[PDB]
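Visitor: Below, each chain spelled out in residue letters.
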Amino acid sequence: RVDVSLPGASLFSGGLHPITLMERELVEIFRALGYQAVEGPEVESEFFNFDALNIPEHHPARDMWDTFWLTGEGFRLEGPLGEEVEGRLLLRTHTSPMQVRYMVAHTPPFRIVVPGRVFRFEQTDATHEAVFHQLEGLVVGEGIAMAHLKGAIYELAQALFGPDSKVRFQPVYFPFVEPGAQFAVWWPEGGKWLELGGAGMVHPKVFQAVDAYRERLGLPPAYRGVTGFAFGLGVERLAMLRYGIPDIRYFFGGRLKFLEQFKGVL
Amino acid sequence: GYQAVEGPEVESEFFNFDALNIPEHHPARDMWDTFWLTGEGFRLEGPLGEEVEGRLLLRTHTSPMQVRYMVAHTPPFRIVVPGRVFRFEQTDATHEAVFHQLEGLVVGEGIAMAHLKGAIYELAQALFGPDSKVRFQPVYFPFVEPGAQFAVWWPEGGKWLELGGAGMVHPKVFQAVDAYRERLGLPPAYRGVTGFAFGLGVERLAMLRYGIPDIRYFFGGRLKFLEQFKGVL
Amino acid sequence: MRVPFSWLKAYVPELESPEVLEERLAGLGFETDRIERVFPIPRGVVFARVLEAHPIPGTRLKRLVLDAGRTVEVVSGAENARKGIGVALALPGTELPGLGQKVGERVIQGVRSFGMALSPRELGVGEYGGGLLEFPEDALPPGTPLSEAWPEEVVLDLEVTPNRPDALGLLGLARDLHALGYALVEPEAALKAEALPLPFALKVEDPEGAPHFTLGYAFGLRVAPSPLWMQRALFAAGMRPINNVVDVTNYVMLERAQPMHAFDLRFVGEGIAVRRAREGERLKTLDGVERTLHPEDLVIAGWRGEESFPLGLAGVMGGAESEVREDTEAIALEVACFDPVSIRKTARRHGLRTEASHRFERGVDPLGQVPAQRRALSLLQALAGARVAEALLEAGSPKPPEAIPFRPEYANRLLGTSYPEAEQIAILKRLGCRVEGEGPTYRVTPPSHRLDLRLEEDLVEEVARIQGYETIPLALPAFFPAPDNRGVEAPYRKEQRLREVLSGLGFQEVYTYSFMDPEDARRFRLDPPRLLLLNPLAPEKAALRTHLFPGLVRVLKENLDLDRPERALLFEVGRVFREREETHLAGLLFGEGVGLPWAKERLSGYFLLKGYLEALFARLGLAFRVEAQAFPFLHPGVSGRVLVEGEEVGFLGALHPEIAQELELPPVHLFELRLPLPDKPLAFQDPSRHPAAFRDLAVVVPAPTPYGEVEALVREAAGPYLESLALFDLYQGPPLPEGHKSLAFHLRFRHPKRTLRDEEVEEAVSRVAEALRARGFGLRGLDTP
Amino acid sequence: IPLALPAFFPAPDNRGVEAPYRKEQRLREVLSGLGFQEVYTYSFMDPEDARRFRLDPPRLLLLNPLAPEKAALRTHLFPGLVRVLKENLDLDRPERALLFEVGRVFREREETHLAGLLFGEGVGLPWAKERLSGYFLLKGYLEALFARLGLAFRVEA
Ligand SMILES: COc1ccc(C[C@H](N)C(=O)N[C@H]2[C@@H](O)[C@H](n3cnc4c(N(C)C)ncnc43)O[C@@H]2CO)cc1
Ligand SMILES: N[C@@H](Cc1ccccc1)C(=O)O
Ligand SMILES: N[C@@H](Cc1ccccc1)C(=O)O
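Residue numbers (UniProt numbering), protein chains in the order written: chain V, 85 to 350; chain S, 118 to 350; chain Z, 1 to 785; chain A, 472 to 628.
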């Protein structure tokens, strides 16, 4: 007899990592809203990570990010236009520096979303990591207002949690935005207010840093008569609440018994 | 901002023609060479799963989906409906009885033709680069008014490519939609809105873009042919 | 329709050139498919006067004595050749567009033919070559190069959409150009009518068919050739001139989208009656075709006493008899508006497509008949010396068009423009609309010739096209989509990913026609197709495919004949029809298999395909398995149905050998499922850290028993701590109870928290060993060193 | 503050700027489907492994590492993969595994890398004996990947 219910050739079946899944969904959501995804480098200079974003040194505000400083010659970090740049190297503490790199290399109006791995010197536990992911958002152009930032997050919530979903905005501080704000979303199933990220209207000094670097590079100013909003949200926190994952350390853990569990969600 | 939804290949005369202001014995109904069908036992469901009646046929375009969607949802929205369509024609080098179209439908308060032109403009830019441009010329369609055909400028070929037709959803389409709605228990949802629609042929575009000479290959089945697109994924 | 530049220029004198005209018309909504320069006429062709025509004895040719400046002789075999007409004389030495070999002096049947008289075909102005061009005898001074009165012309092939039937007349086109700003020159139908009764009556017996019908009366007719200018005009439009009366009816038709027909009174009798045709009634149309009429055919008839007879097929084509000729002295001019549907059906029924039917099918100005009569009669008076009665016979009274509400504010809102009100209103007037009121909502009543103007929207398009579609700005809309539009793209996305996973996994996508050969229902052994085509492209494509695999097997075949694929892993997603339209996914496997090409071993057939599918589902995260079940089109030995998440959705197996035979093909493996596939939620299973238990043991079972039962039996009994469970070996042979087999099973147990003690396992494993026997199986795998 | 959405034609040089990101994403998806299982490993590396795995020493170091084991920036991707294969063989006993990881590597310049790992009995009938494994199995898969990407492939000595 030709047993048809017998195991067939053991061809391998692949899968995508949960962060890749979460990031993808997040990118899909924003693509539908007109956002384009671009990435930045993990090793940045203090200039892009801090100074260009209105976060000076010995600044009590620079303590909001526990930085990993680097050392070593021979490494050539290129700027927005491929040009080699200088400054104390570090691991970006957020994706925000990409806001600056992009703006000097392009012209408004535009919509970008920049995903990426970030690093912060912290003790890795159940809900904390030294290595995680963020997703930046940047929309610049004439007449761009905070009403648009609120509109963006509102669409994010709807797409993420359904029609019974809602967002709340509260003032908060960031050197690169003003007005500044933190936003939370209403997750119906969990019946809880989830804090997703921060945002605001691009700070006046950011545009100045951008155009200053531009002239210093030969390009003409492109940000004097425009405004914009930016936002940044943590990927793991969201991936966890969405795939029901208890420990954030698994993401980098490597357990196949763990990763394999997302072959379904592709 | 457009979302993709599909429709059925076997449609009723009502959705394919009547709901789209294309009555029978209409000199305008000749713009589509229809494949009529026969046979009982087949149960065609409407927008809300309800069984519907009428002479069956193979949709001659995707447009009937505009109607199905509108009765099942509420404005404002943006949809794009791809799909296989059929027309009784002689299959040659640049003609097929079985091809594909992509519909576009955007409805809502204050939606104007300036938006239709904006849509096509973005389509051209995305498709052919910044040196690309679109041109609109009046043309006739029973389901739109103003009506229009649009062409795009393809820099490499230095030629004006005719891509499809479009226009502002015809007043009678909205009426057919809301009439079918009430006849179904739903409340009217299209009395104070306007919208634009467009439809473009897929093969013609695929050909110009992948440098394919004969439109018959698509359905041909030659692996030596299909295999050539493993690169473009 | 063909649009002769200089003819159109007679109504629109300011036209820049054929090229600027093509641009103007494109923006008005009329695309030209071709621009053609047409009447090149050499110096050698001159106008000649036929002084006399002498038949050459013993032949069917004539010796023409021509006045072409000096007298010359020419031989002609054309039956229309005769004294008293003007002709196109190609003098010896002339190079004509056709023959390529110069015209010269030649001896024919005893006479020196000094050149030759031309037919429309020889001169290159028309396709007709059955006779000579016929001109007015005094059209020009004898010997005058013909080109001097017949310049080359440029003709545009215009596409005229169904909504613009008024554009089926040159004057119609002229109106649109006038709206753009060009001065319009309308012909003035100057009549010198006479008050007297028409020597005939009118009886419209069918008012539905002929909602408006008029008859004009012209007498004292002097039937002769049309002026050169009219022949040039008619020829450029694709029509052949006949004589002044007939030509005038064709010229006016082309001028104002109004077919009309001169009926020779000799055959009319006491009157004309527009009536349905009596079945069996015969009628020889002017195309020489002898026809028989249907009772649904509207007819133009005459009557004499108790006799009633067909004179013409109404709105389609006139009869051969009453058709106007040289001895015609008086006529009844028919200018009417017929029922589109009626003409539509008749035209189809008799396989006729004429300039008349075309226009009546598309529609004619419901109130244009009287003005049309004036034009035609006026021309008849000027070109045929006609006397015309001031009265017309008229039946029907169409009501003028109603007013349409129009709001400049809405026009700009709908278009997204900002045209000042004054320009909008003026545009509408240029097109001939009446505009009343003060605003914001006006009362605009369109001209009767514009059948396409009924709604406010139609009116906004008038403003848009005249201002120019290019003046409409570009913009993008911004809005929060209504709630129920949320995630409506899920279905479409779901299937697309399935294609991509498949595409990457190894399957090659194929697209096959939705049509199927009714015969294959028999061949591939399937239930007959439910939907059929009442008008298929061919009997081979007369039904709607019921399955997807048949098409795949077919392409495998034709692929093996054009190229010789040593193997192939295909797949296709498509709409299948049966009781209800549904989406299907089908795959096909064939060939040597997979492995080292230079080596020998191979992974092929059923299990290879089953492997891939297992992968696909592992990747989709759905439960998969194939149980035994036979299918007419499969192999009773290699056949089973597919279960996704414990739900039947299709089949899997080897094609039937017999089936492979009629189609001459090697063993083919395949499957077919129904989409969309089931969806399994993620119930994330946190993996325990504590080590797991490792245990083996085989199972003895009869050759029949499906791997299924065993696996399920073993599994369900393994307990709530069974982690893994895989098959690693099959024996069936010596020294086993003949007719039995052994199944090598790797097992693993684990616990969420605490670790597992040898007691819990050695004890739970028992709960499976004895339930394995309660069914009738043992545990060959025991005591392993 | 009201809610609203902005509407505008993006400046020309913002056109197709998402190409790069999309390109890599498809590569992951093709890989994911082809059979490779994605893994995410820390960008940090043990300076010691430069010796162990026999590689040129890492160019960038951390003036404030989390621990000496994570004091440098990974120079390769495969080392991390071999490590996870190990710790995977200790917690659970995978009889095989086909992994892959895309990540940023550092050396003279930051660059993106794609690494894969094969191990185990192989592919074939579980109850049977023959197997498709080792080098050529992995080389097969890669040949597939590239046939699918439509790019010329080959491995020289
Ligand atoms: C019945 O109702 C009608 C018929 C025709 C028309 C169209 C057009 N006004 C017109 O010229 N009407 C008619 C006819 O006047 C003309 N014609 C063209 N050729 C001939 C001909 N021979 C070639 C022998 N003999 C008699 N008439 C001829 O062709 C047109 C096509 O029928 C309108 C109403
Ligand atoms: N970079 C910020 C997030 C943020 C991005 C952009 C604007 C405002 C806040 C953080 O690390 O929290
Ligand atoms: N359905 C039309 C295309 C179209 C769609 C929508 C609006 C206008 C035109 C066709 O078959 O040509």
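There may be inaccurate statements among the hints.
Said to hold, decoys possible - Here are the simulated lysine-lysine pairs, DSSO-like style, with alpha carbons at most 30 Å apart:
id, chain 1, residue 1, chain 2, residue 2
1, Z, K345, Z, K494
2, A, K610, S, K341
3, Z, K192, Z, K203
4, V, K276, A, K494
5, V, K250, Z, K541
6, Z, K557, Z, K541
7, Z, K345, Z, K284
8, A, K610, V, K347
9, A, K557, Z, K494
10, Z, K284, V, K250
11, S, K341, Z, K203
Simulated from the structure, these hints should not be mistaken for lab results.
Visitor: The structure should be examined with respect to each hint, and the outcome stated for every one.
Guide: Tested hints:
1. Z/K345 <-> Z/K494: The hint is violated at about 48 Å.
2. A/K610 <-> S/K341: Holds, at about 24 Å.
3. Z/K192 <-> Z/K203: Given that 30 Å is the threshold and the Cα spacing comes to 27 Å, the pair holds.
4. V/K276 <-> A/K494: Distance ~37 Å between V/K276 and A/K494 Cα, so the pair is violated.
5. V/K250 <-> Z/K541: Judged against 30 Å, a Cα distance of about 54 Å means the pair is violated.
6. Z/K557 <-> Z/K541: holds, 18 Å
7. Z/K345 <-> Z/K284: This hinted pair holds, its Cα atoms lying about 19 Å apart.
8. A/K610 <-> V/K347: Answer holds: A/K610 to V/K347 is near 24 Å, not above 30 Å.
9. A/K557 <-> Z/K494: violated, 36 Å
10. Z/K284 <-> V/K250: Given pair Z/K284, V/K250 is violated - Cα atoms ~80 Å apart, limit 30 Å.
11. S/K341 <-> Z/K203: violated, 71 Å
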